[PDB]
Amino acid sequence: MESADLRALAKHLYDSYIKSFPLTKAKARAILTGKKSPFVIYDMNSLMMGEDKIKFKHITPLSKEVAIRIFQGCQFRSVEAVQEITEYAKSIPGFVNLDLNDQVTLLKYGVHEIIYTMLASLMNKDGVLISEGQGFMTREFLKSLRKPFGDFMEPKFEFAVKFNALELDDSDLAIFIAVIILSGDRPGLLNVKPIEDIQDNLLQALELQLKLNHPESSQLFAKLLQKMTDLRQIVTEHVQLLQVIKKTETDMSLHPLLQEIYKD
Amino acid sequence: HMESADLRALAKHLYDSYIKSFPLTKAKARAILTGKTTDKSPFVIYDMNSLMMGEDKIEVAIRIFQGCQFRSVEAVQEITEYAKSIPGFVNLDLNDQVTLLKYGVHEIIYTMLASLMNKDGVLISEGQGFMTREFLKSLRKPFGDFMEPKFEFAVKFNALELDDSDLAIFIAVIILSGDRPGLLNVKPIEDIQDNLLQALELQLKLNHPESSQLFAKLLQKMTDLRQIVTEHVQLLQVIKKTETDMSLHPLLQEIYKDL
Ligand SMILES: Cc1cccc(C)c1C(=O)n1nc(-c2ccc(C(=O)O)cc2OCc2ccccc2)c2cc(Cl)ccc21
Ligand SMILES: Cc1cccc(C)c1C(=O)n1nc(-c2ccc(C(=O)O)cc2OCc2ccccc2)c2cc(Cl)ccc21
Numbered sequence: 234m235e236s237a238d239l240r241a242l243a244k245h246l247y248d249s250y251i252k253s254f255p256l257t258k259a260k261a262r263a264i265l266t267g268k272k273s274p275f276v277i278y279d280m281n282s283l284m285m286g287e288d289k290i291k292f293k294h295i296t297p298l302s303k304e305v306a307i308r309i310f311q312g313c314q315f316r317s318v319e320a321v322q323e324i325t326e327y328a329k330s331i332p333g334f335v336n337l338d339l340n341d342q343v344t345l346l347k348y349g350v351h352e353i354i355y356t357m358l359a360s361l362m363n364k365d366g367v368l369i370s371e372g373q374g375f376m377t378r379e380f381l382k383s384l385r386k387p388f389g390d391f392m393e394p395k396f397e398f399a400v401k402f403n404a405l406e407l408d409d410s411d412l413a414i415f416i417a418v419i420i421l422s423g424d425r426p427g428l429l430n431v432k433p434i435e436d437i438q439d440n441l442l443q444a445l446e447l448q449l450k451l452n453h454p455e456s457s458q459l460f461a462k463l464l465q466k467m468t469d470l471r472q473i474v475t476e477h478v479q480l481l482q483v484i485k486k487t488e489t490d491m492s493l494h495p496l497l498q499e500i501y502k503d
Numbered sequence: 233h234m235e236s237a238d239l240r241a242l243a244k245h246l247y248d249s250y251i252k253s254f255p256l257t258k259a260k261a262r263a264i265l266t267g268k269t270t271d272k273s274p275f276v277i278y279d280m281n282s283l284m285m286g287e288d289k290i304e305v306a307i308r309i310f311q312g313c314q315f316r317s318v319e320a321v322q323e324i325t326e327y328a329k330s331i332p333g334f335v336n337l338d339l340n341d342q343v344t345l346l347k348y349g350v351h352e353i354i355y356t357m358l359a360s361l362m363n364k365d366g367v368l369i370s371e372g373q374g375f376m377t378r379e380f381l382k383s384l385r386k387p388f389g390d391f392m393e394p395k396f397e398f399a400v401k402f403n404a405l406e407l408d409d410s411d412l413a414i415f416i417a418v419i420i421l422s423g424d425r426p427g428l429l430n431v432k433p434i435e436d437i438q439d440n441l442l443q444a445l446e447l448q449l450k451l452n453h454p455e456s457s458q459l460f461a462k463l464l465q466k467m468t469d470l471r472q473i474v475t476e477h478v479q480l481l482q483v484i485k486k487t488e489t490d491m492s493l494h495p496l497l498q499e500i501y502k503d504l
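Sequence order for the protein chains is B and A.
Positions 234 to 268, 272 to 298, 302 to 503 (PDB author numbering) are the ones given, in order, by the first sequence.
Positions 233 to 290, 304 to 504 (PDB author numbering) are the ones given, in order, by the second sequence.
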C-alpha cells in the first residue's frame, strides 16, 4: 500500500495552499452565493465611490481612462499572485531540491495557467471578487469596457464558468495546482526526469483525492486533465491579446520602475 | 460504473474495428521500419533523384504537399468509418456527428501519423516507401517548416510506446469529446466518453502494468494535439495566400471552413 502516503501528500498540500493564498475557494463561494456584503462595482459612479471609500489598491490612480486603469489593475494583481504561487511551490515535496534554473523555468511558464485556474475560484457567471473578497466587480461592467479591453475580460469568465462546473474544492485544487507547476514539458528544462517523478506522485495523489472526495463523479480525474487543454489554449490567446494592446494603445504609460515591476 | 468484462469487451470491439478500418497498423509500420526482413523493405526517398526513381518503382514541394493532402483525405474517410463503429456514435444527433468528426479528425490524423514515423522519416504508399525527415524539412519556402512539426510531435508521442489495441480506444476518446464548439447534446456524448475513458484506463493498466500514470500522460498529450492542430491551420492559411498553384480538397476545405 501507499494510499496513506498519497493522503499525506494531499493533506500537506491542502494545509500549505490555505497558508499561501489570501482568499480560499470555500470563502469566495460563501461571499458569491450570499451566504459583510462586498462593495459592488457595476458602473463608473460606483467605481469612483469604491476607490474613494474602500480604497482598493490596483484600481487607485497613480492614465485617467477607466478601461486602462482596470486593465492595469488586473496586471498588478497577477504579479502579486505570482509571489503567492512561488511560495506555494516551495512547499511541494521535492520542488526546492530541483536545479535552481528549473525551479525558475517551471514557475515562469506555469504561473499563467495557475492564475487562470485560481481566478475561477473568485468568479461566477455574474462577476469577480477583488481585494480579498471585499469588492465584487460585475461581468457586465468588465465586458462593456471600450475598445479591446472589454473583449479582453470576457474570455476569463467564459473559462471560469466551464471550469467551475467541475465543482472542485480547495483540497482538490491544491493538488491540481501542484500538477501544473511540475510539468516536464516546459521549454529550457535541464533535468526533466525528477520533475516528471514528482508529477507522477502528484497525479496519483490527485486521482485518489478525486475518487474519495467525489465518488459519484465518474472520470473526474480525466475531465480535469482535459481542462489543461483549455488552459494552454487560453494562455496562448492571452499573449496574442496583450500584444495587440501593446501595439495599439498610446496612453498606457506608467512610471518606468512600475513598468519594470509589473512587466510580467 | 461498468463491470470489467464489459470494459474488456468494448476494448476488443474497438481493436477489431480499428483493424478493419485502417489499412496500415502501427504493428505493421514498426515491422517495416525496424527491418531485419527482406520482403517488407521500403524504397527510400532522401532527395530529388530518389524521388524520380521512387515513382517508377512504386514543382517538388507542391507535389509532396499534394501527396500529404491526398493521404489526409483518405485518412478522414477511414476515421469516419471507424467512428460509425464506436457504440453510440451513429445514435447521436446527426449535426453532432458532423461536429465531432469536424473537430476530431485532425487530432486523429496527427496521432496515427506518428505510428508511421521514427526520428528519421515517414512511411508512404502503404509502407512501400519511406521519405526522410531531412528531405521533407528542406523543402523550400513555407513547405519545409510545415513538415517538421509533424515529426517533432511524433517523436514525443512514440515515446509512450502505445500499440494499436491502445490507440483504438484513444482515438475513440478523442472523437467523443463533449467540449467541441456547437454541440447540441453534450450529455450523451460525455456518457459514451466516460465509458471509453474507463475502457482506456483498464486497457493501459493491463497492457502496460509497469508504466505508472500512463493514462494521465496519454490524456496530457491531447493538449499537444490541440495546440499543433491550431498551428497547422494558421500555417495552412498562410500557404493558401502565396500558393494558388496549390488547392485544397473540398472535404478539408469544409473541415477548415469555420473552426
Ligand atoms: C494579467 C494576467 C496574467 C495572468 C493571468 C491572468 C488571468 C491575467 C489577467 O488578465 N487577469 N488576471 C486577473 C486576476 C487574477 C487573479 C486574481 C486573484 O485575486 O487571484 C485576481 C484577478 O483580477 C482581480 C481584478 C479584477 C478587476 C480589476 C482588478 C483586479 C483578472 C481578472 C479579470 Cl476579471 C480579468 C482579467 C484578469
Ligand atoms: C495536408 C494535411 C491535412 C490534414 C492533416 C495533415 C497532418 C496534413 C499534413 O500536413 N500532412 N498529412 C500527412 C499525412 C497524414 C496521414 C498519413 C497517413 O498515411 O495516415 C500520411 C501523411 O503523409 C504521407 C505522405 C508524406 C510525405 C509525402 C507524401 C505522403 C503528412 C505527413 C507529413 Cl511527413 C507532413 C505533413 C503531413
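Hint data in this document are derived by calculation from the structure and do not stem from the laboratory.
Accuracy of the hints is not assured; some may be wrong.
[What the hints assert, rightly or not] List of simulated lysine-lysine pairs, BS3-like, C-alpha gap at most 25 Å:
1. B:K432 <-> A:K386
2. A:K462 <-> B:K462
3. A:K382 <-> B:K450
4. A:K450 <-> B:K401
5. A:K432 <-> A:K329
6. A:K382 <-> A:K466
7. A:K382 <-> B:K462
8. B:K244 <-> A:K462
9. A:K462 <-> A:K401
10. B:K432 <-> A:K260
11. A:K466 <-> B:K450
12. B:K347 <-> A:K466
13. A:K432 <-> B:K347
Here is how each hint holds up against the structure:
Restraint check for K432 (chain B) and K386 (chain A): not satisfied, since their Cα atoms lie roughly 37 Å apart, outside the 25 Å limit. As the CA atoms of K462 (chain A) and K462 (chain B) are separated by approximately 14 Å, the hinted pair is consistent with the 25 Å bound. Between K382 (chain A) and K450 (chain B) the CA atoms are separated by roughly 46 Å; this puts the pair beyond 25 Å, and the hint is violated. Between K450 (chain A) and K401 (chain B) the alpha-carbon distance is near 30 Å, which puts this suggested pair outside the 25 Å criterion.
A hinted pair counts as satisfied when its Cα atoms are at most 25 Å apart, and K432 (chain A) with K329 (chain A) qualifies at roughly 19 Å. For the given pair, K382 (chain A) sits about 24 Å from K466 (chain A) by alpha-carbon distance, which is consistent with the 25 Å threshold. About 36 Å separates the Cα atoms of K382 (chain A) and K462 (chain B), which puts this hinted pair outside 25 Å; it is violated. Taking the CA atoms of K244 (chain B) and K462 (chain A), the gap is near 24 Å; set against the 25 Å cutoff, the hint holds.
Note on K462 (chain A) and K401 (chain A): the hinted pairing holds, with a Cα-Cα distance of about 11 Å set against a maximum of 25 Å. With a C-alpha separation of about 31 Å, the suggested pair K432 (chain B) and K260 (chain A) falls outside the 25 Å cut-off, and the hint is violated. At most 25 Å may separate the alpha-carbon atoms for a hinted pair to count; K466 (chain A) and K450 (chain B) meet this at roughly 23 Å. Of the pairs offered as hints, the one joining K347 (chain B) and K466 (chain A) holds, with about 21 Å between alpha carbons and a cut-off of 25 Å not exceeded.
Our distance criterion of 25 Å between C-alpha atoms is broken by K432 (chain A) and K347 (chain B), whose separation comes to about 37 Å.
Of the numbered hints listed earlier, those contradicted by the structure are 1, 3, 4, 7, 10 and 13.
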